[PDB]
Each structure stands twice: as C-alpha cells, then as structure tokens.
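Student: Now for the letters of each chain:
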Amino acid sequence: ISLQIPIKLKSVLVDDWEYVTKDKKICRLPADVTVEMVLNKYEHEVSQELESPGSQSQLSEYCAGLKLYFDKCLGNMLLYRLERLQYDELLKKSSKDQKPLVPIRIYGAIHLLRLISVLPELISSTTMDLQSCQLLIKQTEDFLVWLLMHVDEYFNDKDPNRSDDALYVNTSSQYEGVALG
Amino acid sequence: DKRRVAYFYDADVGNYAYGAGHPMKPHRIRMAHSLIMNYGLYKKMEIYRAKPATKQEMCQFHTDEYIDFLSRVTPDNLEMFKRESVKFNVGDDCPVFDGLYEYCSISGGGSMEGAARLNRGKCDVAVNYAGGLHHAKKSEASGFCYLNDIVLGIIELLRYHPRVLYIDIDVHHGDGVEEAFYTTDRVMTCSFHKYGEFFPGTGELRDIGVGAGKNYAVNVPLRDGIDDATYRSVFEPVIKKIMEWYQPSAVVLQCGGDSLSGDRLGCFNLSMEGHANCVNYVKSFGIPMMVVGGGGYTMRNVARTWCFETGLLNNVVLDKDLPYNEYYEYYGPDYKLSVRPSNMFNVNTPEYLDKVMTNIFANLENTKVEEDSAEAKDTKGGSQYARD
Amino acid sequence: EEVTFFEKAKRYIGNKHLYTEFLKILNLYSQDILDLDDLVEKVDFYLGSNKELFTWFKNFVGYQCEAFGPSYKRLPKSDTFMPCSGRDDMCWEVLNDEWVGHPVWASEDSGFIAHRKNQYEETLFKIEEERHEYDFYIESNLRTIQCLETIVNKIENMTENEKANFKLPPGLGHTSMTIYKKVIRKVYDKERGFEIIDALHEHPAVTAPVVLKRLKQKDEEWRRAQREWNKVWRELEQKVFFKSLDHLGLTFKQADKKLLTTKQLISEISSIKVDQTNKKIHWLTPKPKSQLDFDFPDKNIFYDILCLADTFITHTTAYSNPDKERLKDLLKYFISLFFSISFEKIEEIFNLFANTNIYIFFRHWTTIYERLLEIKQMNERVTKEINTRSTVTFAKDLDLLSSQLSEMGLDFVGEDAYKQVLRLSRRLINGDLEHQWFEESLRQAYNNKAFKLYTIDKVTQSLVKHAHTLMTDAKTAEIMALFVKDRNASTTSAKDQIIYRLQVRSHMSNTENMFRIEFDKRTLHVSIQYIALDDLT
Amino acid sequence: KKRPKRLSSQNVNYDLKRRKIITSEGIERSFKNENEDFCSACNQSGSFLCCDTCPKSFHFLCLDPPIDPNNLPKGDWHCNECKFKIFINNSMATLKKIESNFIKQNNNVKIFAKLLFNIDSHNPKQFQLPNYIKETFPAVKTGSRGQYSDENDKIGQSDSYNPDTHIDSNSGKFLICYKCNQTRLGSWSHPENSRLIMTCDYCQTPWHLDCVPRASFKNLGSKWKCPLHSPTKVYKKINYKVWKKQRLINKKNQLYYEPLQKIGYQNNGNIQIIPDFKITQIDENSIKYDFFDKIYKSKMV
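Those protein sequences? They're chains R, Y, A and W, same order as listed.
Read in order, the letters of the first sequence correspond to residues 1 to 181 in our numbering.
Read in order, the letters of the second sequence correspond to residues 182 to 569 in our numbering.
Read in order, the letters of the third sequence correspond to residues 570 to 1106 in our numbering.
Read in order, the letters of the fourth sequence correspond to residues 1107 to 1407 in our numbering.
Hints were generated in silico from the structure; no laboratory data involved.
One or more of the hints may lead you astray.
To be verified - The list that follows gives simulated cross-link-like pairs (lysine-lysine, BS3-like), each with its CA atoms no further than 25 Å apart:
(1) A/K695 to W/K1347
(2) A/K579 to W/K1279
(3) A/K856 to W/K1279
(4) W/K1351 to R/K22
(5) W/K1405 to A/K593
(6) W/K1351 to A/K611
(7) A/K646 to R/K96
(8) W/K1347 to R/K158
(9) W/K1342 to A/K611
(10) W/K1394 to A/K577
What the hints assert, rightly or not - Each pair of labels, with its calculated beta carbon distance range:
(11) R/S55 to W/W1330: 32 to 42 Å
(12) Y/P276 to W/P1175: 40 to 50 Å
(13) A/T883 to W/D1274: 42 to 52 Å
(14) A/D1089 to W/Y1402: 27 to 37 Å
Ideal Cβ positions, reconstructed from N, Cα and C, are used throughout, including at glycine.
Chain R with its partners taken away, still in its complex shape:
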C-alpha cells in the first residue's frame, strides 16, 4: 500500500504545518471557496471533459463517500489543538442558531489535502478489498492532477498581515493563552 503526492502539494502541507505551529496562522473560516464547491467543480469538470461510458455512477459515489468521510473525519484525525477551539466556537455559534453545523459548507480544501495525506494510514489500518483500494487510489490521483492544473486559482499564496482575504488568519494573545496554555 503506497500512495504518491506531488511535491508542490507536499509543499502545501508542510507550509500549512509551518503556518499552524511556527508562524501561528490558522485557517480563515469565511473563505470564498468551500469543499462542496471544490467537489462539484471536480465532478462537473471531469464529467464534461471525458466521454460517458458509465464512470459517472462511481464518480458520484466517490464524491458522496468523500463528502460524508470529510463530515465524520474533520475532528478525529485532522484539526490540530490550535484550531480545536475554532471548531468549538463554530459548534456553539451554530447551536445558538438552532442549526446542525456541517464542516462541508465552511471548511477549506487544505484539510481535505490533510485527509488525503493521512489516507494511507487509515487504509492500512482497515481490512479492505484490493479492487476498491486501487479504485480509490486511482480517483485520488485523478483529484490530485485536477488540483495540479487548477493550482494557481485555488491555493493563492497571500500574506494575511496586509490583506483581508488570504485563506488564513493570525493567532491572538488570548487565542494562544487558551490554546497552548
């Protein structure tokens, strides 16, 4: 069981780690792009790019499975201790609104990239069929090259110290005191 990730994408994960732990930057919750939009753009783009030999069925099946996996795996493998209270304030600000909060509508694709990175660990820790595993690997690589060709307009490198929208916000002093205290 081996999975490959392109080196630009691995650079995205390692500078995510740098911004979280060293540079003290957490993800911007009201981002203009949510993971549902990413998966919908994926599905329509790869449906309109190729022909229709029957791949749409398991395409939408993988899309829905990844949607509910990202719903049920947001805070169980992902989400460093710094953003746990971010998730907590999302849940209480939704509980005061009498609305069940889903991570799909508000979270960014960088956490999906984190889930893709730890996918080999979850796959090797479960008993699964061989053909389903190779199909999941093929769909993962297809999503990775789709992220490759749309790499410019999706992960825009911006400094949040001088811009309003940079898909990242900075840690405050009380944030540090309640997070790492």
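Given the structure of chain R, go ahead and fit chains Y, A and W onto it with the hints provided.
Tutor: Structure of chains Y, A and W alone, referenced to chain R:
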C-alpha cells in the same frame, strides 16, 4: 520655572502585596509618600487622593470580560478558574492575589485624575505614582501589569489636548501602549529600553507603526550596563528632535527603578543623577507633563529616585541627608539619599548609538457609572500623619 | 567599468558561499521579484563600506509601502466584533482592535531567561523580599487597627439600643473592601476567618474590642521582633550591599589571570595589526606606524610601582637573596633608563626591539600605569567627598552606621586617599590584610568604580616573575646588553636602527616575536608596533 | 555577624512560610457559644481529564465533543473507543458482520464505509504529518511537542571580556566583519574599545553588533540569520506576490536538474550556483547577463 505639581497618593495602594519572593511590589509608594512629607515638600505642593474607579470607567480600552474577571478575582476558587485565567494570562506566570480590584480601580482613578487635572489646567505637572502600569494588553495580562492605566490617561488627555506623547525610560518597556496606539497619527509613543534575550522582546528599529500611525512609534534598543553619559547622549538629542518635530501638548513620564543600577531582571547602570537630569531637561521645556510610576525590582533605590524626581519637580534641590521616617531601616549602610551606580560594563558603543540616531532621524523627518465621566472629583486629603 | 565590476565584487566578497548568496539576491531582483528598496538595503550591508562602488551602483541602477515588522501582525476582523458599550467614537478612532502583541511570538516558542546575578545580589533580593513582606504585614495590620479604633470611637458615644442593631455594608464605612478580610485571613485560620468576618459584618461592637486587643498585641510583638531583627539584618546588609554592587570585580579574581596572559597579548596585538592592515588595504597602501599608544601624564606613578616592588622584595621566601637584589636592581634600572629618570625621590626618537617576555612585561607595567591613572584622575573628587561626609545624627543616635572597618583604622577619613591605597597595597604585599577587608575598603571608598586593582598582589607577583626571566634567558640578557650599548642619549636615529633590526633578527630565532617600542622624550609618548614575521620573509 | 538562632523571634519564622501561631493562637470567644500525564492526542500538556477503565488522557479541546470545564458533564467520562469496547457493538450485538450490513444500510458507500466504521473505533486527536512527508523534506524535523522545526530554528559569562568569541577553533584566525574590515578585539586596559561579534549559523560569516541593527546576541528562538542570504518572505506591490521559497527537497529522484537556457529562462528564483520543482544549473555569466538585459530594458520603462 515655577510650576504647581499635583501628587496623588492613596492609603491603600500598598495594602495589596502580590506574593512572597516577588519582584513586583506596590509597597514602595508608602515610603515614597513618607519621604514626600518627611522632606517638607507639602508646603509648595498640593495633594489630593483619587477615588477608586468603577466597572464602566475602565471600559474605554479593555474588554468587558476583562473588567468582569478583575471584578471577580479571588484566589480561593482558583481551582475552577482555568478558561479565563489563561485567556488573559493570569495564574500561569502572574499569580492571583487578594484585593486586586481595589488596586486597579485606584490605579485607573489616579491615572485619569492626573489626566483630567492636566486637561483642566489646575496644575502644570500631574504625578500619580500609585499607578504606572504599562505592560497590560487589551485581552492579555503580560509584563505583570493587569490594567494599562496609561492608555486611559492618554485618551483622557486627548479628550482636551490635540497631541500627547507617551514615553518610557525603564527596562521591560510597555508594549501595551504601543499596541494600543499603533495606527493613530495624533498619538506618539517613545521607548527607552533594551532588546535581545529580554522578557518583552518587542520594539524594533523598523517598528514605527503602520497605516496612519506610520513613523509615530519610536523604539531604540540598548544593551547591558549603559552608563550615565551615554544615556544622556541617547536622551537629549532625540528628545529635542521629538519636541521640535512632533510638538506634543502633554508628556507622560513613566519613572521607575527598573532602569537603575541594581535590578533583578534589569540590565541598566544608571544612578539617581542620570535618571533625574533627563527629567530635568524634558521638564525645562515648560510643556505640561504627566508622571507615573510602575517599575522597579529593588525597593530602596526606586523610592529614593522617585523622592528625588518629586524634589526636582518642586523646583528645589534635595539635600543628601536622610531624615527619620518609619522606613529608615530599609536603606543601605550609608543611610543617605544616594543611589550608587554599579560597575557594569558599558558595551553600548557610540557608533551603534550614532547609527540609531541616523535611522531615527530618517524615520522621524516625515512626521514634520459614566455619570462620573471626565473625572474632576477627588478627595481633599489635607491631613497626612506620615511625617516622623 | 561594467566589465570589471563583477571581478571587483568577487574579489571584495572573497568567500565562495557568500558569492553564491550574492548571486541568488542578484537573481531575486533580476527576476522581477524583489523591489528597489530590498536591493538597496541588501547592498547597504553588502557594499556599505565601499562608497565609490555604492555610488557607482546607485548611479548605474538609478535609485533616488509599509515597514511591516516581525511583531504586531494583523488580526482578523472576527475578533473586532465585540460590543464594548464603554467605548465611544474617539476611542474607536484612537485605538485598534486588529493589532495585538504577545512575548511568546518574539521567543519563537523557546521561552525567555533572566539576567544572571551573583549570590550576594540574590540574598540581598531575598532579604528585601523578607523586609517587604514583614513590613507590609505590620503596616496593613496597624491600618486595620486605625479602622477599628475609628469605628470604636464612633460607637463610643452611643447607647445599647443602637449598639444591638448596627448592620453595616462591607467595607466598614471606608473606601477599601478587603484589607481587613486579608489581615484576618493572615492572622487567624482560613476556615475560621470566614466566620469571624461574618460575625464582624453582622454584629459589630461585641467582637470588635477583642480582635482589637489581639491585633494590637500582634503589632506590639511584631514591632519588637522587627526591632530585634533590625540589628543583624543591617549588619548583614552592610557587608552584602557593596558585594552586590560589584559585578565584574567579583569575577576579577579570575579575570585578571584569564585575560592577562602572554597568548592573549599576542592575540590582541595581532588583531590590532591585522585590523589596521586590512583597513589600509581597503583604503590606502601606506600604513601607520602608531597603534595602541599610552600617554604618561605623571611621573610619581613609576615611583609608586617601585615602592610596591621594593616592598615585595622582602616578602617572598622562594627566592635567594642576591637573586632578589639583582631583580630589584634591574627593575630600578629599567625606570632609570627607559624614561630618562636620572634621580628619584624614592630611591633611598628612540627605537627598541623586544621579544615577547619583555613585551608582555612592558604591557603589564602599562596596564598598572593605566590602573593608577584611572584611580588618580578621580582621586581629587573622592578626597573632598570623604573629607566632608555629613553624618546623619539620627543614625548616630540609634547606632546605625557601618562600623565594620573603623576599629582598626581602615576608614579613609582624615588622610589622603592615594597614600592610603599605597599603604594598603604595601600591606597586602606583606600578606596580612585579610583580602576581603581591603576589597570592601576599596569598594566603599571610591564607589565600586576601580575594579582593576583588586588583584594588585597577583599582578605584582606576575610582573616580578616575568622580570625574573630578563636575566635568566641568554637571549634576553644579550638584547639587554646591546640595549645598554645602543642607548647613549645622542642624536643617532634614522641611520642606526637598521643594523639594530638586522642583528636582533639574526640573533633570535624564527619562532620568537619582534615588538617595536618607540619612546618619545617630549610629552612622554610611546608607540608599540607589531612587526612579527616581516623581515625574514 | 548574622545570628539566626536567638534573634529568630517567636511570632514569625523565616518568611515565605507559615507556622502554628495562626492555628493554636486563634481563640475567639466573642461568639459566646489508570491515568497518564502525557495526553496522547497532541503530545502536549494542560488541563487533563481521564477515564476509569482507559489509560489515555485528553484535553478539554482535543475531543470530538468540545467541552468547557465550566459546564463539564457529571458522572463518569468515557472515550469514543471506550464507547466502542466496553459498550454497544462489542458487549451486546458484538461486531460479527455489522460492517457489511452497515454498508447495505448506508447506500453503498463501501469505498468509504470502512473508514466511516473505523472513525467510531478511534480516539480523537490532533493532526500529525505522515511519515512519508518527513523523508521528502530533510530540512524539517519533528520537535519535542510536535511543532514545525525547519533549519531556521535552532536547537561572568551570563558583560565582561569574551575574547573566545573572536577566536574560532577551526583555524585560530581572526573573525573579520563584512561591513568594517576589523575584528576590533581591543585591549584589557580599554575594555570599552572592544565590540561584541557573532558568527552566522549558516555560512559562519562574522558580523559586528553595530553595523546591522541588532542589540544583543540571539540565543533562544530561531537561528540567527544574517541579512545576506535569500529571504524566506519577499513582497512586491503590483495584489502582491509573497514567494515563500521552496524550503528544499531531498537528494533523491524528486530533485530534477535540466540546464537548457540561460537568458529569459523564467525560473522565478530557486537556483543553485555551479562552477514540478523544475530547477536549472545557473552560473555567474547567466545571472549578470539577465541582469544587464533587465536593467537596460527597464531604464526607460
């Protein structure tokens, strides 16, 4: 020349000792006042006592949750106080002591009472030694200061004055005031401290503010054991340049014994004369001046130099003789008003200071219940028996 | 000069990796990534010294935003949303909610450390903590005594009908809330404190006199114990405060041997020589012949060092008698010959080529001269300072003065300070001065400033041992003999020092070092030149 | 002559302590009658909670339900796999084939349903980088608590004379500063003439404390980076380009070299000097050539 100076003393400022084996101590104010009346300075100086502040009168800079926390500080139930302690940094590095609420209330009362007395025009120099806390943040207790009374004093001065300059001359400079006035153009913050493996670790040469507060916050780093002559060289030209260029209407003086020769976490090597002649030079301009005190790890030395600062502000020269007071056992073997400088190495080079001068000049050449608002209410305080 | 600019830059940079970093910065501006200000501040640290090259670059390029420092980065607008009803519009426009600082960001998740202090400063700090805590206890207690005597004075002239019902709010009618609660928590039990303050709040004038009596006897015994603490506390403070004032002098007992060696002296002189030669190579091909110059403004200092020497002749026991006589004789002769001192009241240009032993001995003597110059220059201030010490009579009445050193006569009052220091150095040479006593006297007498003479016996012993090698070594005896032959007090310069240099290069070997000591009779000026390995090349 | 024996008093002992005078002398007759302390969810420390039958500790934030201490639930607290081991699906209705009928129930998400099932049988934890991401970037190493630590981060003495800082043990020569061509060791007779110097943590370049704006040494925090190397963050206003370098990669097959063109290559930096992340071999001639082309084409603009 001759100027009326208001001294603000509270009988309960020292009644709240923070803890045992403890650097920060508000206890020095009581021997400061004892030396005030023991020197016979009350005949040419008026004394009033400031009232304690309320909940809403501390709300102009700090958050409501900070005020609620500082209202409900009790060390007895600290077991369950864990979300709010760390959020504002309390109990991890800065422990909890009883009677804090009255301490910060009288601190803010003295600070904005001095600001209001400066704004009204009753006195030329306002002295509030009971509160000089400068390290407190908007939602963080750091630098062992919980309420940054200097920020509310500055904005109360801005309620009447157009421009007011804040200065700090001791080590562990107050980053809270610089953070609070980082974007405004009508407020300028000056800092005289040291950098490099130090506790605050903030204040750079490139740190001059952003936005409308660009080039409106100067910060010069220093080194260990800077002597009196080099401190005069780093004080006087930048002071005359900042009076010529910025032209403030009021000056906030944060005197303290942290910049003296003897200190616990400090690194400076100035005596009483070096700490006082700079104040004399900045007072010779004749501009209204606010004096606050919130530093000093030693106790005898900071009490002695603050007594000398009051004596200088009274336009008299204090003798070296020390009379009898209830605090006479504190001082050293000589038992005189003499803060002896240490023999620290003067690593601070003249060329480094000169390069700092060129960078500072190049940065500064571009400058060219609320019912009780506005204060104006203090007790008379005409009968003290601190003389011995 | 474009075709020779990169060669000059490569020659100036020297190191290869630094040239690759320069090449990378060159690309960073050349790839439309860096701006002109970044290149300007890069060449500010790169070619700042070369003014001609910097002006050439500025003219060729054509050079005529926010700073955004490492600290105080921008917060999100989510934290700005905060009701804050006690904030008006002027507070809105003078204060910012999107900029906050925190020292752990400056530490880069590594923490902070404090300045290291010696043990005397630490015990002074701890006794200051004891004094603060104990006096705070006493004075908060008698403030509570004042509060209790005030409300007892209020209830002194009223009847039992209003004495039974005297319910009062917290604070006891004063402007403080918890000073009385804190002092009764300190003096009574933790669990009993709640019940006694409840009884005091809900029922005064019945429990107030008894707690008044208990607190008053607590103040009485507290003041008595403070009074009996005061004598020993002041005695410890008198001996620990001047130790705490001294910082470099505490480690000077080892610093005066660590920094004052041979190899450190060759290291210093070679650093000065290489700095001057590199600066001239950068600037101008001729080099100056004057560096590390010592001025001699006084003549009695040599007499004081001679007094220390002839006091130290009769103290050492590991040397034979005529060896001591010979070393004293040539030590006197060195002063009698070097500075043209024909006669002394205490006895009862020229070029010199020297090896490393005589060089470090001369550097030792110039260091001693510098120490005596620094204590002499400010001697005339401390003399009149100690002449009119206005003693406070109130401390005399309670016996508060520092009389630790006045019994046997170490006080500097009523006598010259420099003569007393000379006598103390002579007695320390005699070895019966209980060294800490001399250290404390020198600290108190001139305010801890002259730390350089704390090891006077040690440096005198080292200089005596180095001067003993002047005659034992055959080469040193030879060069002293030809220095006797060369010195004639006649106009023979500019044609005789070449043969001198040739013969001292021939007689000594390659591993020995050469030092040019140029002495001027007028105004007493000296020049020491490092000329090692320049003639045998 | 300190005497702590007889003048030690009776009411008060040595301070920063207490004694029996506050308990025995308090007469007032006026009232007239398995767990761990490592917290294996983020490898850090803080406020801990523990389960009775589980030896793993968690913080109040490192849980699937985020809980505050001010409103913590009463009674016993149990983890997710505690609910999966001693509770339902393993005590009663034990996990025989519930994965397959779960797949049948949840509308055939079987390519992800096994991971959905394994979500419940797993404790919540912080994100940790996978092992195969560590090998491709050798510059970053795991810290003590699990933070990002690249090569920017580092692993009488206290004042006074320090000539050992001016002397390098590699050759014994003199550390000449870049700006002023001096080491300025000074002398023991004039300590004030001496200037503090420091070496670089990357290229060992000597530097004075007076040339660059810097007060004292850098002992705690990130490595002292002299302003001579490639900066990690650049800024150009046009909104802007930040260009956070590439933080280097391994020597293995991921590193690709392709020296083809020297003029107008559009490599946007990230080059090395010789005598995907596509990097090219770059010499001095190419660099000066593209510079001269660039500032000649940019003078008139």
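Student: Going through the numbered hints above, which ones does this structure break? Give me the numbers in ascending order.
Tutor: 1, 11, 12 and 14
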